[PDB]
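*Asks:* Take a look at the letters that make up each chain.
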Amino acid sequence: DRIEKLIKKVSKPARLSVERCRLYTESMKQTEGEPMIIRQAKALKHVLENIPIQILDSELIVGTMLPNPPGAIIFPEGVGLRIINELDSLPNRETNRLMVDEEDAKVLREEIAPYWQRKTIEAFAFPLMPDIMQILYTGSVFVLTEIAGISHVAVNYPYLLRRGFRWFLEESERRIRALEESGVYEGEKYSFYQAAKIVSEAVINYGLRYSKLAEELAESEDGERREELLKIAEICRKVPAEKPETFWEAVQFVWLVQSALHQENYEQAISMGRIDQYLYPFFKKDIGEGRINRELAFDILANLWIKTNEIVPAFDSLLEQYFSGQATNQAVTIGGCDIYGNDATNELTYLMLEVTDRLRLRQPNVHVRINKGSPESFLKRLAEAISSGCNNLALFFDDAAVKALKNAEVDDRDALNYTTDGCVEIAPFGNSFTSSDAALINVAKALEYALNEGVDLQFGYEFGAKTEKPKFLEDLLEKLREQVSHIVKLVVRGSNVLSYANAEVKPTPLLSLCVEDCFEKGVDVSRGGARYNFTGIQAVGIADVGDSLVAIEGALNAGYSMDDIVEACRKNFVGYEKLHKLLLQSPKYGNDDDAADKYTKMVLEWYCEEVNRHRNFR
Amino acid sequence: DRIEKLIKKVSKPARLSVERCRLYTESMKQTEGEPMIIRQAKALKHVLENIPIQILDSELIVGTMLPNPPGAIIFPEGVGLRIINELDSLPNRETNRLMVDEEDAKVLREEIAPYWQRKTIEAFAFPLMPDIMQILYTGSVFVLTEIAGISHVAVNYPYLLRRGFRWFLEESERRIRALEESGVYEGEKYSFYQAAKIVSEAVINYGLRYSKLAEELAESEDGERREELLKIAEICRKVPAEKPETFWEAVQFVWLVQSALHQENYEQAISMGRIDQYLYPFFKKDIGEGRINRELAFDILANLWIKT
Numbered sequence: 004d005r006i007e008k009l010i011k012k013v014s015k016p017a018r019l020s021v022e023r024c025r026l027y028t029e030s031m032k033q034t035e036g037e038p039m040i041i042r043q044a045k046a047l048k049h050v051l052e053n054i055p056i057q058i059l060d061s062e063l064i065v066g067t068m069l070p071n072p073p074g075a076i077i078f079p080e081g082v083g084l085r086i087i088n089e090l091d092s093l094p095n096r097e098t099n100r101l102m103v104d105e106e107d108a109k110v111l112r113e114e115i116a117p118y119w120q121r122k123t124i125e126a127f128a129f130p131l132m133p134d135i136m137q138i139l140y141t142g143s144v145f146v147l148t149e150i151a152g153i154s155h156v157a158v159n160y161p162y163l164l165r166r167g168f169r170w171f172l173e174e175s176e177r178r179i180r181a182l183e184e185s186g187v188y189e190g191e192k193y194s195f196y197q198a199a200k201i202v203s204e205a206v207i208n209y210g211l212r213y214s215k216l217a218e219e220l221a222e223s224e225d226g227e228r229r230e231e232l233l234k235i236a237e238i239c240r241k242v243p244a245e246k247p248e249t250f251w252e253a254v255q256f257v258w259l260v261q262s263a264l265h266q267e268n269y270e271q272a273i274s275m276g277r278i279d280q281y282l283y284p285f286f287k288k289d290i291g292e293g294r295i296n297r298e299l300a301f302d303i304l305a306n307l308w309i310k311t312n313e314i315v316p317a318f319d320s321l322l323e324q325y326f327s328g329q330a331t332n333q334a335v336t337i338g339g340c341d342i343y344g345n346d347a348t349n350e351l352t353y354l355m356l357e358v359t360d361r362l363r364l365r366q367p368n369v370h371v372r373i374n375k376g377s378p379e380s381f382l383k384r385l386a387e388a389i390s391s392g393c394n395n396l397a398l399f400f401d402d403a404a405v406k407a408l409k410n411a412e413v414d415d416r417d418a419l420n421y422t423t424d425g426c427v428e429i430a431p432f433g434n435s436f437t438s439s440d441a442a443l444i445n446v447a448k449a450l451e452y453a454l455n456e457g458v459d460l461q462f463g464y465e466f467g468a469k470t471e472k473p474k475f476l477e478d479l480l481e482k483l484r485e486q487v488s489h490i491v492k493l494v495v496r497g498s499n500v501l502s503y504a505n506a507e508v509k510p511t512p513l514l515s516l517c518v519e520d521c522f523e524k525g526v527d528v529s530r531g532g533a534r535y536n537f538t539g540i541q542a543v544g545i546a547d548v549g550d551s552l553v554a555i556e557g558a559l560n561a562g563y564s565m566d567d568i569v570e571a572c573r574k575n576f577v578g579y580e581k582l583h584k585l586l587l588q589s590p591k592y593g594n595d596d597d598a599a600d601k602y603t604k605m606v607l608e609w610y611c612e613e614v615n616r617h618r619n620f621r
Numbered sequence: 004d005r006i007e008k009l010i011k012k013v014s015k016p017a018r019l020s021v022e023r024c025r026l027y028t029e030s031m032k033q034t035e036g037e038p039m040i041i042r043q044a045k046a047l048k049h050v051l052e053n054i055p056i057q058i059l060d061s062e063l064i065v066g067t068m069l070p071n072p073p074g075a076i077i078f079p080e081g082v083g084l085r086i087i088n089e090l091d092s093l094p095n096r097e098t099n100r101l102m103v104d105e106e107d108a109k110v111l112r113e114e115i116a117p118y119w120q121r122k123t124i125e126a127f128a129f130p131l132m133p134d135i136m137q138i139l140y141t142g143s144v145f146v147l148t149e150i151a152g153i154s155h156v157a158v159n160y161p162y163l164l165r166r167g168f169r170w171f172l173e174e175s176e177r178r179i180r181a182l183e184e185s186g187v188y189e190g191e192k193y194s195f196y197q198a199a200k201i202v203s204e205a206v207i208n209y210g211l212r213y214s215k216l217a218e219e220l221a222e223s224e225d226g227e228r229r230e231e232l233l234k235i236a237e238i239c240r241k242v243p244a245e246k247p248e249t250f251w252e253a254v255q256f257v258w259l260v261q262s263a264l265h266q267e268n269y270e271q272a273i274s275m276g277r278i279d280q281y282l283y284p285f286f287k288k289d290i291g292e293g294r295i296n297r298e299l300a301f302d303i304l305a306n307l308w309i310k311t
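Residue numbers (PDB author numbering), protein chains in the order written: chain A, 4 to 621; chain A', 4 to 311. A prime marks a further copy of an entry chain.
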């Protein structure tokens with residue numbers, strides 16, 4: 004069968020891919036001094052018209068993410084120069100090895116790296132946050148990922164599928180004329196539609212290139228396979244440009260723009276949203292009009308799932324410690340309810356679980372929404388996959404998720420119709436830009452500062468608020484809350500500078516077409532055109548500070564003083580081996596023990612309320 | 004008398020000046036990839052701290068517009084590359100002749116002109132109006148001067164004279180802090196005050212450079228002229244940074260920022276406004292407090308007129 008042939012042709016070793024990186028630079032050199040959003044449009048166009056393309060063994064859905072797959076795409080405008088600085092280590096290192104062709108290793112080191120030096124997002128942000136960049140790089144307090152770009156959004160496919168890219172091209176053209184009729188006082192809006200036009204043309208032409216390759220392969224091929232490649236030629240002539248009418252046409256639509264998006268936006272978390280909800284009209288029509296059968300539909304979805312394994316991240320040696328496990332995470336969201344609370348599981352939901360269960364590959368990140376009204380069969384079928392060790396599902400509980408969104412002031416209907424992207428991030432589907440992994444914060448470092456008067460306990464870094472030496476438990480709590488605050492403020496300042504930096508040196512016009520309100524308002528996504536705009540920042544170490552508080556509580560209670568406990572910590576419990584055993588014996592978060600897990604809860608609430616009050620640039 | 008000595012020392016032939024053009028490029032190379040408004044601030048600062056300066060024959064108001072006067076300032080970010088393309092014709096042409104030092108003619112042709120090629124205002128606008136650029140260049144229907152930059156504004160001197168540039172520096176600093184306290188969601192506003200800070204510092208330091216030259220010339224000078232240069236040292240230490248209190252202090256204020264503005268903005272129409280209205284408080288106070296007399300006041304204004 005077909006899946007078996009497809010599974011084996013993405014198990015070969017991964018490479019460092021360079022063709023996107025090169026052609027991007029090539030266009031950017033041709034375009035210097037032009038309006039940056041037009042430069043980004045023209046660059047994306049140039050890569051889509053000139054990247055080597057290939058249809059693979061027995062494929063029904065085409066669109067390689069990079070030429071000759073498993074690989075890493077390089078984004079030197081973001082954080083791709085990190086990896087050039089370590090080219091020697093890439094084929095022989097223990098995790099996420101990438102073969103590097105030494106002929107294009109020379110092209111990176113003396114053609115790419117000297118050009119993009121000081122043309123990056125980080126180059127914009129540096130003079131504006133030099134004190135933050137310094138403490139970012141110590142690796143100890145937070146990481147800020149918007150250096151690398153934004154991404155992290157489930158793409159609005161139903162917006163796209165109801166229009167098609169020939170609509171955008173023509174609408175951009177009507178809007179360019181009307182702007183000219185009023186004398187172009189709205190220059191920004193004008194640049195936008197100019198970019199949109201260009202970027203639509205690119206995507207139309209990109210589908211057309213795969214149509215031509217399909218035709219070229221079919222005058223050289225036999226029987227059923229020749230029938231398939233002729234269909235692929237016919238489909239890719241029509242869609243990404245027209246509204247699709249069949250299920251195969253829909254799935255080929257989404258994957259073309261999905262692969263396209265990966266040439267403009269960096270590798271993290273560009274997701275497909277509630278794919279079971281929006282492919283279902285095409286599916287239901289095709290079955291029972293005889294157009295397709297259940298096994299063909301399966302193979303179509305299988306092909307899509309399998310193709311998202313073509314990317315593997317361009318992480319250097321340090322980024323491999325903080326993001327280990329080849330994290331890219333094109334997510335997919337199945338199941339859940341409608342905007343009324345009714346169960347929205349359909350036959351395509353089940354199908355998608357099955358292909359997930361069979362494939363057991365690292366990618367797509369499949370996210371399953373369940374709630375109190377999910378069908379019992381579906382929960383059984385989820386439990387069967389998980390218990391048989393599939394290890395590739397995540398479960399999202401609607402009740403808690405829509406409550407979270409309603410407090411973030413999301414509309415009823417937009418919260419009910421939520422999507423997921425990345426790992427665990429939630430968002431209104433299709434009309435939001437949430438920068439869902441914009442930072443990660445070491446809240447343990449807050450506690451460390453909180454008992455050492457804003458100094459790192461073992462490194463001498465004065466990065467914390469200037470609190471005092473702590474005495475009792477109660478005034479370590481105040482000192483803790485103040486320190487969390489201080490650290491959050493550091494990342495909100497940092498991420499905002501970076502978000503302005505993205506808006507200025509890396510607007511992303513294709514992605515803008517895919518995120519609602521952007522195209523209609525004529526403002527790019529990185530400038531805030533999405534209906535909802537958020538910046539997701541993450542707490543790490545919430546149980547470590549929670550548990551340290553319980554352990555401080557009892558240790559003071561019976562016997563010891565505060566000065567002991569900090570000195571124990573500074574000295575790594577060497578010379579403090581009695582107390583250390585009492586600390587270790589203390590109640591821990593994870594055991595249903597209120598006296599322990601109340602502290603962790605409180606730490607999270609402090610964090611949450613310190614974050615949710617700040618506004619972002621967008 | 005003093006006017007006669009001043010009149011004759013701006014009647015010499017004009018040159019193509021290059022020092023602003025060079026130091027601008029020098030800073031812009033150090034600053035690539037930074038926020039453009041900060042780059043412009045840092046460039047202006049670099050030229051004001053490093054341009055050759057000179058006090059001239061019998062001057063009371065100092066601040067040469069370019070080193071070694073009558074000359075042209077080059078703005079390659081605007082329309083200064085037009086003139087590099089015709090360097091040969093400049094010393095020998097019938098109107099507006101400019102001597103070009105052939106050592107810095109080499110610096111324009113292969114250091115300035117290849118850098119600013121496609122970093123200009125026109126390079127931004129071209130892909131967005133290619134049909135207009137085509138009919139602009141036929142010379143027949145219109146000319147559009149904003150290729151060269153904007154300028155054309157009478158500068159608000161009374162706004163400036165009521166604050167002084169140390170006010171701006173400090174206020175920018177209060178405003179930078181308050182923006183940081185609210186997490187810098189207003190990035191643009193933040194870039195602005197960052198630029199303002201830098202640009203205020205530049206102007207304060209620029210007055211200070213002329214104060215130091217005045218002091219340096221006066222330990223080498225005799226009698227009345229030594230009295231004058233010591234006054235100029237005292238005035239340029241105080242103003243462009245503080246609010247002026249005397250008429251001489253006011254007129255030296257306006258001319259320093261006036262010469263400064265000409266290093267940032269292109270040569271057209273940077274004006275001084277209702278100068279008779281806003282210099283009159285300092286004038287009325289000084290006459291009848293005996294501070295100055297009518298003939299000194301005349302010479303002060305004469306110096307300003309002559310410097311433009």
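Simulated from the structure, these hints should not be mistaken for lab results.
Keep in mind that a hint or two might mislead.
Among the chain A residues that face chain A' by a calculated CB cut under 7 angstroms, a handful are [said to hold, decoys possible]:
| hint | residue |
| --- | --- |
| 1 | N374 |
| 2 | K375 |
| 3 | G376 |
| 4 | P378 |
| 5 | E379 |
| 6 | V500 |
| 7 | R618 |
Distance condition first, Cα-Cα at most 16 angstroms in a straight line; then the derived EDC-like pairs of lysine to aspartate or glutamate [unchecked claim]:
| hint | chain 1 | residue 1 | chain 2 | residue 2 |
| --- | --- | --- | --- | --- |
| 8 | A' | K192 | A | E507 |
| 9 | A' | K8 | A' | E237 |
| 10 | A | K492 | A' | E183 |
| 11 | A | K109 | A | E22 |
| 12 | A' | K122 | A | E22 |
| 13 | A | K492 | A' | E173 |
| 14 | A | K492 | A' | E184 |
| 15 | A | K122 | A' | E35 |
Reference listing, derived: stretches of chain A covered by chain A', where coverage requires no fewer than 3 residues with Cβ under 8 angstroms from a Cβ of chain A' [claimed, not checked]:
| hint | stretch |
| --- | --- |
| 16 | 127 to 136 |
| 17 | 188 to 200 |
| 18 | 466 to 474 |
| 19 | 556 to 565 |
Idealized CB from N, CA, C, for every residue including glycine.
*Asks:* Under the constraints set out in the numbered hints, which ones does this structure not fulfil?
*Replies:* Violated: hints 1, 2, 3, 4, 5, 9, 12, 13, 18 and 19.
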